Amino acid sequence: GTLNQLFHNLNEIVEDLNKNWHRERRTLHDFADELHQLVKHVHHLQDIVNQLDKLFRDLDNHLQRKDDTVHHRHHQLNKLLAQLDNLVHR
Amino acid sequence: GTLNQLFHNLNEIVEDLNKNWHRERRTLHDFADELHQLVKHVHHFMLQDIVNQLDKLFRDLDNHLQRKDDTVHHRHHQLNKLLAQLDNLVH
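Protein sequence lines, in the order shown, are assigned to chains B and A.
Taking the entry's author numbering, I'd label the letters of the first sequence as residues 3 to 46, 57 to 102.
Taking the entry's author numbering, I'd label the letters of the second sequence as residues 3 to 48, 57 to 101.
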């Protein structure tokens, strides 16, 4: 029974982790895209336009790097769940 | 046993989650500081559509980071309890 309760709980937490990243990724991409707009609205003030670019690039870097980190943790978490699943239904 | 390796593996995953939450928090807070930097300078210099847009972005970012701290707190606590239960069951 306990093992099943661990599987169930962890299963929810894993799902919650992946849904929150789906959400955050969207939120930060829109954020990125609005910086990107702003760069064009400016260019259409030399310190400023350059700062917007940098920020756009920082955030892009972060999203790419987090995406890779999330991919890797999700895979490890799914393998763990599989093992748990097998153990409870054994 | 294989529950002991389950525990070991989940421990490292949660440790890496915690470590990446701290780094993520620092990166985006530094980003917010830089964005704030930009807003006030643009607002000094000042057509005005650009100010409103930047100021909106800053408030959206700040909102996000507050919510993120809350969600992380809850998630961290969920994972600690589960690990404890796992740890106990391994003994």
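Calculated from the structure, these hints are not laboratory results.
Even for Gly, the Cβ is constructed at its ideal location relative to N, Cα and C.
Among the hints, erroneous ones may be present.
[Unchecked claim] If we take Cβ atoms under 8 Å as the criterion, some of the chain A residues that face chain B in the derived model are: (1) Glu17; (2) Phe33; (3) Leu37.
Hints versus structure:
no. : hint  : verdict
1   : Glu17 : violated (11 Å)
2   : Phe33 : holds (6 Å)
3   : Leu37 : holds (6 Å)
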